[PDB]
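Please build the complex by placing chains M and R with the ligands on the supplied structure of chain Q, with the hints as guidance.
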Amino acid sequence: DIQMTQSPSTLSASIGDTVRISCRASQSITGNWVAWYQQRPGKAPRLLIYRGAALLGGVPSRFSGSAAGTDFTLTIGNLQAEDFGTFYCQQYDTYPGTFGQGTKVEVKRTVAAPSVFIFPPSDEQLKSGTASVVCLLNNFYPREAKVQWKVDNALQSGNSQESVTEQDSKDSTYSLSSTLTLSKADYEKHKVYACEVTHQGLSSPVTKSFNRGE
Amino acid sequence: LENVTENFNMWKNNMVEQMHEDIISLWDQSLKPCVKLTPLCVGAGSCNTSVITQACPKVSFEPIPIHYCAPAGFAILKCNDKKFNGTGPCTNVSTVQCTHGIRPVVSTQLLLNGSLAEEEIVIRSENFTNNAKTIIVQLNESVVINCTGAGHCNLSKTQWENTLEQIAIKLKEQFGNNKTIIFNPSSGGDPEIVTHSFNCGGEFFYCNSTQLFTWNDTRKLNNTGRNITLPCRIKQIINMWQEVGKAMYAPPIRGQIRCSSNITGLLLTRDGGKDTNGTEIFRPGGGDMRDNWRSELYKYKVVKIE
Amino acid sequence: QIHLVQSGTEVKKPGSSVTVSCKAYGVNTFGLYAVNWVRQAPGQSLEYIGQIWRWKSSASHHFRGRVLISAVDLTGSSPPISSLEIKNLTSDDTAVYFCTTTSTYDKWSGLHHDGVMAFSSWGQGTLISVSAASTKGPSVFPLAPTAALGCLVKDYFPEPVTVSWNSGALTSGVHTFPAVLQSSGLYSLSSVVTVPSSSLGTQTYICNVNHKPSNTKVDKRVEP
Ligand SMILES: *[C@@H]1O[C@H](CO)[C@@H](O)[C@H](O)[C@H]1NC(C)=O
Ligand SMILES: *[C@@H]1O[C@H](CO)[C@@H](O)[C@H](O)[C@H]1NC(C)=O
Ligand SMILES: *[C@@H]1O[C@H](CO)[C@@H](O)[C@H](O)[C@H]1NC(C)=O
Ligand SMILES: *[C@@H]1O[C@H](CO)[C@@H](O)[C@H](O)[C@H]1NC(C)=O
Ligand SMILES: *[C@@H]1O[C@H](CO)[C@@H](O)[C@H](O)[C@H]1NC(C)=O
Ligand SMILES: *[C@@H]1O[C@H](CO)[C@@H](O)[C@H](O)[C@H]1NC(C)=O
Ligand SMILES: *[C@@H]1O[C@H](CO)[C@@H](O)[C@H](O)[C@H]1NC(C)=O
Ligand SMILES: *[C@@H]1O[C@H](CO)[C@@H](O)[C@H](O)[C@H]1NC(C)=O
Ligand SMILES: *[C@@H]1O[C@H](CO)[C@@H](O)[C@H](O)[C@H]1NC(C)=O
Ligand SMILES: *[C@@H]1O[C@H](CO)[C@@H](O)[C@H](O)[C@H]1NC(C)=O
Ligand SMILES: *[C@@H]1O[C@H](CO)[C@@H](O)[C@H](O)[C@H]1NC(C)=O
Ligand SMILES: *[C@@H]1O[C@H](CO)[C@@H](O)[C@H](O)[C@H]1NC(C)=O
Ligand SMILES: *[C@H]1O[C@H](CO)[C@@H](O)[C@H](O)[C@H]1NC(C)=O
Ligand SMILES: *[C@H]1O[C@H](CO)[C@@H](O)[C@H](O)[C@H]1NC(C)=O
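Residue numbers (the entry's author numbering), protein chains in the order written: chain Q, 1 to 30, 30A, 31 to 213; chain M, 86 to 129, 194 to 299, 329 to 398, 407 to 492; chain R, 1 to 35, 35A, 36 to 52, 54 to 77, 77A to 77D, 78 to 82, 82A to 82C, 83 to 100, 100A to 100L, 101 to 126, 135 to 213.
Rather than coming from a laboratory, the hints here were simulated on the basis of the structure.
All C-beta atoms in this analysis are idealised placements derived from N, C-alpha and C, irrespective of residue type, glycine included.
Check before you lean on any hint, since a few could be wrong.
[What the hints assert, rightly or not] If the Cβ cut is set under 8 Å, some of the chain Q residues that face chain R in the computed set are:
1) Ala53
2) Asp92
3) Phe116
[As the list claims (entries may be wrong)] Below are the DMTMM-like pairs computed for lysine to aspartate or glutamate, each with C-alpha atoms no more than 25 Å apart in a straight line:
4) R:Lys206 <-> Q:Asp122
5) Q:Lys207 <-> Q:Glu195
6) Q:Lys103 <-> R:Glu46
7) R:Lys117 <-> Q:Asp122
8) M:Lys231 <-> R:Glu81
9) R:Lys209 <-> Q:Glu161
10) R:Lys117 <-> Q:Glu161
11) M:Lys398 <-> M:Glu339
12) M:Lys232 <-> R:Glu81
13) Q:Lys145 <-> Q:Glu195
14) M:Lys348 <-> M:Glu290
15) M:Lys348 <-> R:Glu81
16) R:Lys201 <-> Q:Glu123
17) R:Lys100 <-> M:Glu102
18) Q:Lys145 <-> Q:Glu165
19) Q:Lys42 <-> R:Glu81
20) M:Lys460 <-> M:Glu351
21) R:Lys12 <-> R:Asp144
22) M:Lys231 <-> R:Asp100G
23) Q:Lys183 <-> R:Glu212
24) Q:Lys183 <-> R:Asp144
25) M:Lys335 <-> M:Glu267
26) R:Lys209 <-> R:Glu148
27) M:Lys490 <-> R:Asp100G
28) M:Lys398 <-> M:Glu351
29) M:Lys231 <-> M:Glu269
30) Q:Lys107 <-> Q:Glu81
31) M:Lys207 <-> M:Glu429
32) Q:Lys42 <-> R:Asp85
33) R:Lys100 <-> Q:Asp92
34) R:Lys209 <-> Q:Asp122
35) Q:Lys126 <-> Q:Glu213
36) M:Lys117 <-> M:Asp474
37) M:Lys335 <-> M:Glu268
38) Q:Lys107 <-> Q:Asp167
39) Q:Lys183 <-> Q:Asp122
Just chain Q, same shape as in the assembly:
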């Protein structure tokens, strides 16, 4: 099958910008049998351009398609609010048709360090036999962030999960949750619980912590 490798994985832009997204096919496509789609979070993709450069009926002309050698690129002029989201390229030169991995286009903003908070398990949860420790990172930009869990100073692996909101429509920031889960038994055993966060906005990795029972 033909492989389509898409570039870059994410890019940040402003309203009114011109943006370029590229896709390299693993073989030449003489016929220009390539298509571009947009997908907004929660919705079905929409066809924007087909045959490399042809605009589908109803698609704004600020979208255009181009090709050179094995590379195909989508250009977006005068970037608009409804344009943000994820874009995919597709070859239909040879069976079966295949898609690129996709490109996320998000809103550019000044750097903002997360506000960081940590929540011990509630007494009600402890009563029901489980313990969840939650760390919150609120309203930060850019999205890239690392959070590590330490208990009794020991790095925690495989017992945590993270969740990230969509980029906020009004302040263009992200928020993120990390939840550390363990048995009521181990929770009651150890003393200090710590969330360690690293982010561009932070001159140095910030640690929020507590001692069980304070």
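Showing chains M and R with the ligands alone in chain Q's frame:
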């Protein structure tokens, strides 16, 4: 056949509207009323009637088959399947020059001289759930029906009895097997819809289709009757199908008007019932000649060149 | 105007089989439009499954022998319909399945190249989630305290749950996170709010949680 997968939607097929508009213009230069009345309102409730009086030449309007060939920059795609809902992704599609010869027969309740269903009896519907959407039945074996300006049409009681069965069976095979299927006459409405109306020899026939749609999933009706005889009537003052408004055609004259058409399909319309016990009641329908056209273009779709 | 309307979400046990449907409003006949089915696993890109073109069906290598694709022309009560059957479901079948349509009428169009094509109309998608879990209402736990506070909505199935604060009167500064799927095969999410530290003993905060599949509704007061 074309090696690709495409979407089809006979219920939103554009050729239907392109033929319909053609068939109408095929009527404005073949069957011209002595007078044609049509609503004319500004919106202010009050509505004057626009009257038009032209010559009323008696012509024996005999429909000629019509092909539909894509010009250029355009291509027609045909769907291939023994049972195609006509509304979805077709696997065995295939590009064709012109669609099969179609005889634009304008009628209601029964689809005459259309195209039969290859495999078995198929029934399409833009939504069978909606008791408002016409159910287009497609017969796999036509039932000859002969009408005469003498005042009636004869149909085989045998063939029609079978047909209602092989239709009544395809219905429950869509609304629930453990459901009784019944057939009743028109609920009400215009003469053109309440009876099996159609045009023969330029004469607008209005056949009472009660004996064709009063079938109970229990008894029969062949006592002392070999053939079904629908008491038909030719009208001069009719409601137009092309557009809201009446139209008066001149009386009959030819020593004899006669028709022998193939009941190749129907247009049913089950009644809501508001989820009541399995007892779906289907009645004659149609009046929206597009469903007709549809029943013929259900497997086509013209598309722009690439 | 073409609107493709797919059947609703299904939750299916491993080993089971499912059939998803697509009503093609605006489509004349599948004699003129090809149907292509495509799926998208969560946080993943898109993958071709198979097609019906000119009444001829077929499936990609990865799915051959496991999938049946069909289409039928209909009128009146229903538009033309296509369906996709999938046999022997496993966890890696969990994804959003899209039905898709492309007119094949015009050979010169450039939407299609000998059966391989771009997809001009898309359905909303149908989620098929493959799981042995049975329906279960959540537990709700307080996340007690500019300060932050919230609610942990733990161990429910299936999606979704909805969360408001103070019956909807508090919306500014509220973040309700996407659910995560735990190792137990049950979901969990949290909802948080940032508020001024000053009002903490003056103002009341309650999270209203609704899980309709289990008919569960809880109102939890969150206190310092
Ligand atoms: C009748 O219809 C005409 C439209 O031609 C309208 O202008 C007029 O106000 C209506 N009233 C009459 C003349 O009856
Ligand atoms: C379809 O037609 C065949 C004969 O052409 C008939 O034998 C078959 O029963 C029909 N299918 C039904 C019952 O709709
Ligand atoms: C199908 O018909 C039902 C009513 O019979 C209607 O509620 C439903 O919306 C229709 N399908 C669609 C989504 O068009
Ligand atoms: C209809 O007329 C044809 C001749 O066109 C005849 O063969 C057939 O038997 C008639 N059908 C009836 C009267 O049932
Ligand atoms: C019909 O409904 C089901 C089939 O779905 C069947 O098992 C049941 O016995 C039947 N009941 C009725 C409505 O007579
Ligand atoms: C013929 O149709 C009328 C209404 O159009 C109906 O009232 C009458 O009973 C019918 N007669 C027959 C043939 O049963
Ligand atoms: C349908 O049933 C009614 C009452 O059971 C009966 O009067 C009517 O004649 C039946 N329809 C026919 C003629 O098959
Ligand atoms: C019913 O009448 C038809 C002719 O109208 C006849 O062919 C059929 O044999 C009759 N039913 C029986 C088997 O007595
Ligand atoms: C079409 O109708 C005529 C008129 O009765 C009939 O004799 C002929 O056999 C029919 N042909 C078809 C479509 O089978
Ligand atoms: C085709 O159907 C029409 C109905 O309008 C009928 O007049 C015509 O005679 C039929 N074809 C034949 C056998 O002439
Ligand atoms: C279906 O028949 C009637 C519908 O009017 C209803 O009263 C009854 O409860 C249902 N079941 C029976 C008794 O057959
Ligand atoms: C799944 O299909 C395979 C072949 O693809 C067959 O061997 C097996 O019996 C099926 N499994 C079930 C649970 O039906
Ligand atoms: C036709 O067969 C070829 C085999 O190489 C395949 O690529 C194409 O998808 C098929 N088209 C159909 C009928 O789906
Ligand atoms: C369409 O192609 C399919 C796939 O091989 C085949 O099963 C079917 O018979 C074909 N339909 C026709 C007869 O065009």
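Here's how the hints hold up against the structure:
1. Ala53: 6 Å, holds
2. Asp92: Interface hint status for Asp92 of chain Q: holds (7 Å vs cutoff 8 Å).
3. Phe116: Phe116 of chain Q check passes; min Cβ-Cβ to chain R is 4 Å, inside 8 Å.
4. R:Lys206 <-> Q:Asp122: 21 Å, holds
5. Q:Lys207 <-> Q:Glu195: 7 Å, holds
6. Q:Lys103 <-> R:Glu46: The hint holds at about 18 Å.
7. R:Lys117 <-> Q:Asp122: 22 Å, holds
8. M:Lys231 <-> R:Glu81: 19 Å, holds
9. R:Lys209 <-> Q:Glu161: Holds, at about 24 Å.
10. R:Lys117 <-> Q:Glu161: Roughly 22 Å separates the two Cα atoms, so the pair holds.
11. M:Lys398 <-> M:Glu339: Roughly 8 Å between the alpha carbons, so the hint for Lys398 of chain M and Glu339 of chain M holds.
12. M:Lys232 <-> R:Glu81: Given that 25 Å is the threshold and the Cα spacing comes to 17 Å, the pair holds.
13. Q:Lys145 <-> Q:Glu195: Since the Cα atoms of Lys145 of chain Q and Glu195 of chain Q sit roughly 8 Å apart, the hinted pair holds (cutoff 25 Å).
14. M:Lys348 <-> M:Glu290: Given that 25 Å is the threshold and the Cα spacing comes to 14 Å, the pair holds.
15. M:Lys348 <-> R:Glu81: 22 Å, holds
16. R:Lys201 <-> Q:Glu123: Holds. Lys201 of chain R to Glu123 of chain Q sits at ~23 Å (cutoff 25 Å).
17. R:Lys100 <-> M:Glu102: 22 Å, holds
18. Q:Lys145 <-> Q:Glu165: 17 Å, holds
19. Q:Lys42 <-> R:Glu81: 23 Å, holds
20. M:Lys460 <-> M:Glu351: 19 Å, holds
21. R:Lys12 <-> R:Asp144: At roughly 19 Å apart (the allowed maximum being 25 Å), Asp144 of chain R and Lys12 of chain R satisfy the hint.
22. M:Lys231 <-> R:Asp100G: Holds, because 23 Å separates the two Cα atoms, which is no more than 25 Å.
23. Q:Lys183 <-> R:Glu212: Distance ~22 Å between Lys183 of chain Q and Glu212 of chain R Cα, so the pair holds.
24. Q:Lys183 <-> R:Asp144: 16 Å, holds
25. M:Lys335 <-> M:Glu267: 23 Å, holds
26. R:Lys209 <-> R:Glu148: Judged against 25 Å, a Cα distance of about 20 Å means the pair holds.
27. M:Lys490 <-> R:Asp100G: 16 Å, holds
28. M:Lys398 <-> M:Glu351: 22 Å, holds
29. M:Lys231 <-> M:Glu269: 8 Å, holds
30. Q:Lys107 <-> Q:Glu81: 15 Å, holds
31. M:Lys207 <-> M:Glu429: The given pair, whose Cα atoms are some 22 Å apart, holds under the 25 Å limit.
32. Q:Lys42 <-> R:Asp85: Distance of about 21 Å is within 25 Å: holds.
33. R:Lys100 <-> Q:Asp92: 15 Å, holds
34. R:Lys209 <-> Q:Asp122: Given pair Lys209 of chain R, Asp122 of chain Q holds - Cα atoms ~14 Å apart, limit 25 Å.
35. Q:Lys126 <-> Q:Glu213: It holds: about 18 Å lies between the C-alpha atoms, which stays within 25 Å.
36. M:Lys117 <-> M:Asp474: 20 Å, holds
37. M:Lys335 <-> M:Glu268: 23 Å, holds
38. Q:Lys107 <-> Q:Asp167: 12 Å, holds
39. Q:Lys183 <-> Q:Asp122: 11 Å, holds
No hint from the list above goes unmet by this structure.
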